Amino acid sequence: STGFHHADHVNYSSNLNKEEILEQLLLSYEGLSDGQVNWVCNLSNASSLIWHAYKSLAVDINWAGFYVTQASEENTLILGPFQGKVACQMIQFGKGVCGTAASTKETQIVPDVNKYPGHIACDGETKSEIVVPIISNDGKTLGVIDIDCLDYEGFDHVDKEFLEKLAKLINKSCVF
């Protein structure tokens, strides 16, 4: 018996710094997703990792989750696992921060969503947001990683760098 439980992956002392917490998160995601390619499973645990990591970082986040490119027709993002309050069910590519990340295949960092044309708010209290797209081997958008913050300008290049790595791990470990 290791003495550990799955839940233990989300322990981060206030004494750890940001680089460490995020490094541990990637490693935990790797350990937890090694066993199955089931994307719901891996993304669900992934959302918890992200949520808890950010709560430990003292970034006041209110949502941490994923939308996945709908299996049906013309690219639409459909709500996937998340930690946080009830969210919008579907987003068309090109619409809002998530839809913009999906059409551009690029990371979006929004310092104030009320000054962002076309913003699609799922939580009225969200002030800033970061969206990182999950790209497949053939370079198509598979879904996005989306984090909201209750304060303006909550995210920067460090979050983008970490999230982009996590998106790579996700594509290599999940089957959509």
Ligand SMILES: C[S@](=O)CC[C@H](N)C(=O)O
The other form holds:
Number of protein chains: 2
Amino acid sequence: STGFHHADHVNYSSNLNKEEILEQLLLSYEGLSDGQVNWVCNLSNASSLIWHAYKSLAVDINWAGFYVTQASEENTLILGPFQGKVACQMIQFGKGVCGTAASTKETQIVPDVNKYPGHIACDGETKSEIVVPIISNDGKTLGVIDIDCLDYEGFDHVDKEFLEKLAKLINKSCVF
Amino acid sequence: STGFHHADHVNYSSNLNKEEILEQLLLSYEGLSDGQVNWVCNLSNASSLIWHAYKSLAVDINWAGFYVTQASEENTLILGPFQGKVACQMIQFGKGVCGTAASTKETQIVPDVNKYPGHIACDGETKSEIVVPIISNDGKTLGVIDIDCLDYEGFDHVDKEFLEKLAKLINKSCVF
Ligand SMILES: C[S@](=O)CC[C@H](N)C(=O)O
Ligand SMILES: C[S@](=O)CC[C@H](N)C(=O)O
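Alternative state: the form solved in complex with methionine sulfoxide, after the form solved without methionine sulfoxide:
Okay, now the whole complex, with that chain kicking things off.
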């Protein structure tokens, strides 16, 4: 027996830098998602990883999780696993930050959500947000990775660059 | 606009008695799960409801979430949505507090997990636990509700009562 528990993946002593923490996240995700293709399992655990990483980073986040492209309908996101407070159930493609990322297939970084026309506030206290789409082999949107922050200007390119890797990893480790 | 956000469902106050908070949760779940039968969406929000309900009751919880019965395997639970730290992906019926809940179809209230034979420690810090089976119309285990606590003796039969109510709403409102 290793002495490790599954939960030990979210121990990031605060002395580590941003690069180390996020690189650890990606490695934790591989190890956790290796055993199964089940997307509910992999994203649930992924949400925990994202949440604790950012808390460890001293980013005042209030949401960390996913929306997934609905089975029957190609243009609707349905709420998936997440860490944080009760969230919006369904989001059309093209609508708000999440639907915008879904439609453009491109990452969205928003410094002030109240200044973002069309913003879908699931938590009224959210001031900033990043959304990164999860792209299939055939280039289609499978879902989005979404993070909310209680401060303005919470996310930048480092978050985008890392979350784009996590998405590729998810596509490769999950059957949607 | 109502001036309410989705997140408001878990903006309780710590001065409400246990009965008020738990019944508020049942109503919140009902309102939130009304517009779709999607089980991931419905169980995601439910993990948030449960998490914040117990934090507000000042129970030192470390985990609140679900395992669901595998589509392929009728004797296997697979990790579902949760609030908490990273947890075990898969649990066989009859194994651990979760798996025992599953095969016996009987709620497990555990005052000391280290004294529970075959307990599955996903988080090594867990000291107590309650697990409530979700039962189908045909009397079959669809999944379990699971809550971990950092102190011994975290839970009682009032928690069972309310969680059994919740498991019924989950059955009534979700398609697995
Ligand atoms: C505007 S965008 O769609 C943000 C909504 C997201 N579901 C959230 O919980 O913040
Ligand atoms: C022993 S029983 O399976 C409890 C462990 C559970 N998988 C958890 O989330 O902690």
